[PDB]
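Have a look below at one chain only, the form deposited in one PDB entry, in structure tokens format.
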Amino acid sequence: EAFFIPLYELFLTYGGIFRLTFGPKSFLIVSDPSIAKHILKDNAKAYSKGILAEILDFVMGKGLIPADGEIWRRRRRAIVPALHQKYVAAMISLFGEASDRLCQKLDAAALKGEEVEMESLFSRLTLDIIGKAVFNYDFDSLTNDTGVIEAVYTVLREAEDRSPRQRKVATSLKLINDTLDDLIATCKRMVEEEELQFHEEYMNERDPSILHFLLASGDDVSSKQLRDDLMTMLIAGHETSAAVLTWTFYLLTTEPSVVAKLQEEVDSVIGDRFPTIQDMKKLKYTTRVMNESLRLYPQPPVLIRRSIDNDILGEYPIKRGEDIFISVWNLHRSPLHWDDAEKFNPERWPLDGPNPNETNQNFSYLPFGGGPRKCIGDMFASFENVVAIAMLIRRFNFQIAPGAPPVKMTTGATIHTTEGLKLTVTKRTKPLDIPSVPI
């Protein structure tokens, strides 16, 4: 049962900052956007990632997420350049390819009248995408189970359990790290033999991965640090989007009028096409659907910090050493800052107006965090999810399956369901329809 739920009712009663105590230990729970902005942006230098490092160190090492200080600064500067406009445009092709692979599975299911458990399918889709995008590996988890795949999920579950088995985890970590080593070696040879001058918009068309960019850049790093950086991006970009897609499709089942409006846009703008970078700005309603899904189901629902200096939060002075949970769930669903906060309403932000972000929503909306530690994959993931949503909604009607297990939420790094999202899937286009390509 999700720990952030009781925090919502406590926020309603006790306000935007309170101290949650468990005997001799306590946590400050922050649900006020002004206080959130102070911690995440205005006075970020007074904060570390705190217990987040303790939870994640065993798998991410000194990757970007749990890092602080000079290690953080140096690696952020090295990695962000890889996610340039040319790279993101190339990844859109990957997003379409992988989404189409999922569509093929859904199509087979639909023809047989089989119900599908979409959370697991989305988890596989997003794993396949992130492995290829980050380090040029094809997990093909949409198609098969492998030892490497099982290792990733094992390490995942263990990370969240900290949010026999110890040996299983150790073995899984070894297998992933050994796989990353092989990939790094292969990429090194490829860079050695290639004939491309490195620059700000560098990418090898045959291997557009972030790993390849890092190696071609002349990245001054240890093998340990590189593996940790890769592992970190793998975790960061996998279950996050898996949950975004899962919750988006859950939400679509709750509002047929939204589905109708989404179908109208997809049919009109892309039809059967793989989306391109140009379609990203035209898929306005699809983007709003995603925006609204992230508002209702943030990933993660809580951001973690610890004070390393004195500060003032709201009216309250604090010392160093305070463990702080910023409740993104509360910020996103705050009755004071959102009209009909529990309603799934993609048009709560004007369709043709600017896309919502932490700046224009003044820290009441933080889908990708904020300030210096904001997600580096915000554009990547926003586009990834728009592609997957659009291609699936073009091809299929989805409904909650009769007798499906109830949809409920769990604790964890991301908001998982308790038992999956079991849906019926039916085709919207005919097998013998000619592919339709709108321009």
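Throughout, rigid core stands for the largest set of C-alpha atoms superposing within 1.5 Å between the two forms. Positions refer to the first chain, counted from 1. Residues that one form lacks are left out of the comparison. What changes on going to the form deposited in another entry:
- For the residue set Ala388, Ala381, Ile39, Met60, core-aligned C-alpha shifts between these two forms reach 2 angstroms or more at a single site, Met60.
- In the core-superposed comparison between these two forms, the C-alpha atom of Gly69 has shifted by at least 2 angstroms.
- Once the rigid core is overlaid between these two forms, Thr426 does not reach a Cα shift of 2 Å, moving by less than that.
- Core aligned; runs of 3 or more residues with all CA shifts at 2 Å or more between these two forms: 58 to 69, 164 to 168, 429 to 439, in sequence order.
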Contents of the next structure:
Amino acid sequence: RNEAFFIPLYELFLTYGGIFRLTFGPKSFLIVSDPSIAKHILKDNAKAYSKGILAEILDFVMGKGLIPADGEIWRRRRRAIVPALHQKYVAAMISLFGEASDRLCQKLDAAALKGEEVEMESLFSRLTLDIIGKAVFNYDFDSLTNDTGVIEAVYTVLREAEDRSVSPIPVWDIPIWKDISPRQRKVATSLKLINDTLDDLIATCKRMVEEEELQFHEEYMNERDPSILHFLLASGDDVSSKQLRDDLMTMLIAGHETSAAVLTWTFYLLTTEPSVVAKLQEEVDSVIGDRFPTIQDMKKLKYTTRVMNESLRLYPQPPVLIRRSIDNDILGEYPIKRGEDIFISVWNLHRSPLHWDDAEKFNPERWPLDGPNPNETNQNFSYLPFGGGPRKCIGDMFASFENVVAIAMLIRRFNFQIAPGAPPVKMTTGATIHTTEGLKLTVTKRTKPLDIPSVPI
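Moving on from the form deposited in one PDB entry, kindly provide the form deposited in another entry as a structure.
All you get below is the one chain by itself.
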């Protein structure tokens, strides 16, 4: 169809190797699928690269215009935000993960009783939105149940950004010159709605901070408002309201669809291997049963963690990392000048036959169950679930626990199967990998071990 462009890039990769140039007219793109070269760009010589095309496109959509900002502004804000995601914060977020997942479970119980089919991708999107809003700026979207102005303003921003997501493979369409004016206006309206909502949250929290008798420190957390926003305001760092709003927006977007896609593809993947569902159930039944998981449970949910590890391998979010050279460099042996637009295919890295045995196989036990958890260091940049180098994910522990909690709880409560006559599960791509027409599943209440024998009348 209008295939996810990383599929053609995979085929081209098998032929042409870990670095090749894609030419189309007077413009070209470098496609990097070599772990060493990816490590060079992302980590060893990261300072020679910007986010190029992706940054420019994203800035335009978000109202920041066509002038690339000083990169040191973000480096500064990132340094300020990272400490907010400390050990104690992540532990407190586990509770939020549990209750939010339970709300989804309530929705699933209802659908199961009525024997209805569910579209899981949509539901995972609502769940993770509710989580990130609460976690980041202490707001309850309640998108699992409602569709409000701000909820719709978020998805309008999302849909628009994804529609502008860059692909080096030409498609059949009318140029969008005619569309710039109306699209930017519609988006601007949605952004103002979100920003006004954020403004009310900033003000509310500033007030809570002034009235506090708490010393700020690296492990600071007001227990009544443990959000990142609260941490940032208790810091005393001088930041404009515009910048702070922009930061909250960044993490909302970074932390929403990412986890939703990971849950979606994990559950798709689970349908393809019943024996994996078996091991998963066995662990969850033993370790947590019906309990909301706690920080101590995370170490013990080993097989669940690996399932997530393996899902992110087969379906990376995003499947491509965009860069642009801003200085001279050598990629392997190949000299390059400033101005090269580069696509690092995480999809190719993760599924490379040269670096993975049975690359297309869903096998959570390809990394020893009791060994170390796989990461970009571990796997020599053949595995990049959370990126690598200075621009890597800052929500990686947050998101790992979020998804382990969600998977574990759901797998405890329900049996999931591909619905009869459900649409085929195909991919579209952007910031994350979406399904083409949803993930339609049959959900039934699971008969748990140690259930009391039941007898209908």
